[PDB]
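Asker: The primary structure of each chain is shown beneath.
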Amino acid sequence: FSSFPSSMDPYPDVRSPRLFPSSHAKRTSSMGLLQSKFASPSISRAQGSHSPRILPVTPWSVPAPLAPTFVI
Amino acid sequence: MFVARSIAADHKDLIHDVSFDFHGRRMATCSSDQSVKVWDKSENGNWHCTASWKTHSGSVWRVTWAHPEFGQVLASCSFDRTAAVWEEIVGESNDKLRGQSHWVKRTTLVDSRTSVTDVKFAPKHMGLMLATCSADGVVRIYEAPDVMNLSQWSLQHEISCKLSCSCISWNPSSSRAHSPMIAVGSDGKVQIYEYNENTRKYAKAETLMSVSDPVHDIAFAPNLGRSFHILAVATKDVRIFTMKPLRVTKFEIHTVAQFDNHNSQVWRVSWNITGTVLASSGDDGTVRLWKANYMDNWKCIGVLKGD
Amino acid sequence: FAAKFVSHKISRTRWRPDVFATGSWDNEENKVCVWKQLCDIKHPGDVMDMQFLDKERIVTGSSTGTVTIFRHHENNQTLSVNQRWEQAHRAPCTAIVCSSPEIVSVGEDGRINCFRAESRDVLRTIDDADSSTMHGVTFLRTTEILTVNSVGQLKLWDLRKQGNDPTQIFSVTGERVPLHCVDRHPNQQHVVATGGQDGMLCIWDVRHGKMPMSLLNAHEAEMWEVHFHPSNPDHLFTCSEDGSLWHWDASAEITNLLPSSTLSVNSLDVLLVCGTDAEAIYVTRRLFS
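Residue numbers (the authors' numbering), protein chains in the order written: chain G, 130 to 174, 179 to 205; chain D, 1 to 187, 195 to 254, 263 to 322; chain C, 5 to 21, 31 to 48, 67 to 120, 128 to 290, 336 to 354, 358 to 375.
For reference, chain G alone in the conformation it holds in the complex:
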């Protein structure tokens, strides 16, 4: 039923195109890796070290309002 739930989540179609809608998706508390890769690419766009430490920090917190902060 997880796939069905994912489909339902994708069914909302809140707006095009948003990382804020990506956060609306993380509302379920489950985040796809692709998003993480995109975030890493954005970070890339000492910096590498920060990403390594920033990514670790994001990993440390999975709680609501933490992922948003980690993403920021």
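Take these hints with a grain of salt, some might be off.
[As the list claims (entries may be wrong)] Here are some chain D residues the structure puts well away from chain C; computed CB gaps all over 10 Å:
(1) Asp10
(2) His67
(3) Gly71
(4) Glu87
(5) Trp103
(6) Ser115
(7) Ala135
(8) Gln156
(9) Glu204
(10) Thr214
(11) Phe274
(12) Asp275
(13) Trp286
(14) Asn308
(15) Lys320
[As the list claims (entries may be wrong)] Here are the simulated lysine-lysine pairs, DSSO-like style, with alpha carbons at most 27 Å apart:
(16) D:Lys96 / C:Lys199
(17) D:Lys41 / C:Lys13
(18) G:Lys166 / D:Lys105
(19) D:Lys41 / C:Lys73
(20) D:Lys162 / D:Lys208
(21) D:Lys208 / D:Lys251
(22) G:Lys166 / D:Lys162
[As the list claims (entries may be wrong)] Derived Cβ-Cβ restraints for the label pairs, each shown as a range:
(23) G:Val195 / D:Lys211: 17 to 25 Å
(24) G:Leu162 / D:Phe2: 46 to 54 Å
(25) C:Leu373 / D:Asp311: 51 to 59 Å
The set of hints was computed from the structure by calculation and includes no laboratory data. Beta carbons: idealized from backbone N, C-alpha and C, even for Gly.
Go by the hints and put chains D and C onto chain G.
Answerer: Quick look at chains D and C alone, frame taken from chain G:
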């Protein structure tokens, strides 16, 4: 007429890996000379090299062949921190002849921040999928989500390990019958991995204990006609582990056998196509073939030597 | 019926131009012997086209579009290496028949390439890129031809005029089978019959319309081959792809009357053997009884 004789690889520097295709007719080699050679076993029995090209900037540790349904694809692995996918190309004009074959790059995987030890294609049922493990100690899985786009390689997953040696080996079990899982042997404690239901993430089901020395090699055996699974490690000792799922947790290991008759490092461990025979090689310069007993103990059938 | 099994999953054998020879795939040395055995020769490259072009001369088309010819001087037991060709079809020819001054050949991709007698120069070529495997081939009124693709696609073509189009087309309503069997009558150079995959008995009237003059399924698997009598047109017998020749007594019956219950059969000429789908090992020696 047929003869098996020693043949020169044509590699200036040392040869890290040799791999057979699906048929067993073709061989791929890689070395520290930065070149990949592909051999054709002619119908006249002599191996002749099909092609050799400069794949990478730095030494090429590992190579592998994908399933022949996808096409002629070889993946390579280097100290340059890249993996490359290559597709064999033959062109023939809608007329007899006119076909030309040369190595080509489908894609590059830059994501590994450090020198990569190994690369392996997953089983054919899964799709184009491969795993790689590096000095960053991060196992990465890449998929081609479109079979048609051989350049479209997405990064499916990333997991953390430890730091030093590395080897990978997928479960070759056909899926429908079994679930995907993969053993990683680095350096020393080594922990394998399985795949979760719809988390779609790799979990650590269990670990292979009793490992001695650095883990030179690991391979999973084809589970054809057997419920249980077998993995052999060439440490500086040979070990065989039996995995059984049963049914939270759903894994068990037993250690089938240990074998030190090499008296030294076991560099390579390889399995038969059926999983019937295991092989081991080491610093004694001896290659041992193994059979399973009725008791499920392993016995050495015989030993090849060389000097 | 004597079955001198000689341990080679034989691809071909034919009546002497008692007298005979044989040819086989499925080994390192491509296997072909004469005859109690005359000239058991090895060669590299398969046997797709097979016609002993004299008591000496003997031609053979091989798997890579290759075509080997030699001359079996049985007196000195020596074979003069008559002719060689690299890329005919590189698939093999998927049938072989004879034409006046040339072989009525065809191949799977359809490279209708005409080697002819002393035409080491391959002059003529209808290089129509036949998509399905053309395995139906004969001279009808040479050079009246008909390429039959593996949609059973009996398109009547030409080679004496030019242009790569086919002259006509014979087909069943559905196009179910791939090409294995046809039947050009010795009674008439126009009369034919499509032997197909269901033990499928079809008959092709050229001169009288072109409908399915027959549709009758008797044998189990796909169309193997037959042995007509080389002067008795009516007497023949029909198999299917396991090899089981039912005594399709059109001289007058058909039953379980072969030396049957084996694997497949090799090639057809009888005055004696036939050919099934998997081309396997069998023998016979009493072909008038």
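Asker: Please go over all the hints and tell whether each is borne out by the structure.
Answerer: To see whether the hints hold, each was checked on the structure:
| no. | hint | verdict |
| --- | --- | --- |
| 1 | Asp10 | 26 Å, holds |
| 2 | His67 | 25 Å, holds |
| 3 | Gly71 | 20 Å, holds |
| 4 | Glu87 | 22 Å, holds |
| 5 | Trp103 | 23 Å, holds |
| 6 | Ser115 | 44 Å, holds |
| 7 | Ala135 | 47 Å, holds |
| 8 | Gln156 | 39 Å, holds |
| 9 | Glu204 | 45 Å, holds |
| 10 | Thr214 | 49 Å, holds |
| 11 | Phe274 | 37 Å, holds |
| 12 | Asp275 | 41 Å, holds |
| 13 | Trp286 | 28 Å, holds |
| 14 | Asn308 | 35 Å, holds |
| 15 | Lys320 | 29 Å, holds |
| 16 | D:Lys96 / C:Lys199 | 23 Å, holds |
| 17 | D:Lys41 / C:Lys13 | 24 Å, holds |
| 18 | G:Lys166 / D:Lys105 | 23 Å, holds |
| 19 | D:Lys41 / C:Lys73 | 21 Å, holds |
| 20 | D:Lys162 / D:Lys208 | 18 Å, holds |
| 21 | D:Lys208 / D:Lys251 | 21 Å, holds |
| 22 | G:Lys166 / D:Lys162 | 22 Å, holds |
| 23 | G:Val195 / D:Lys211: 17 to 25 Å | 18 Å, holds |
| 24 | G:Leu162 / D:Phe2: 46 to 54 Å | 51 Å, holds |
| 25 | C:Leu373 / D:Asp311: 51 to 59 Å | 57 Å, holds |
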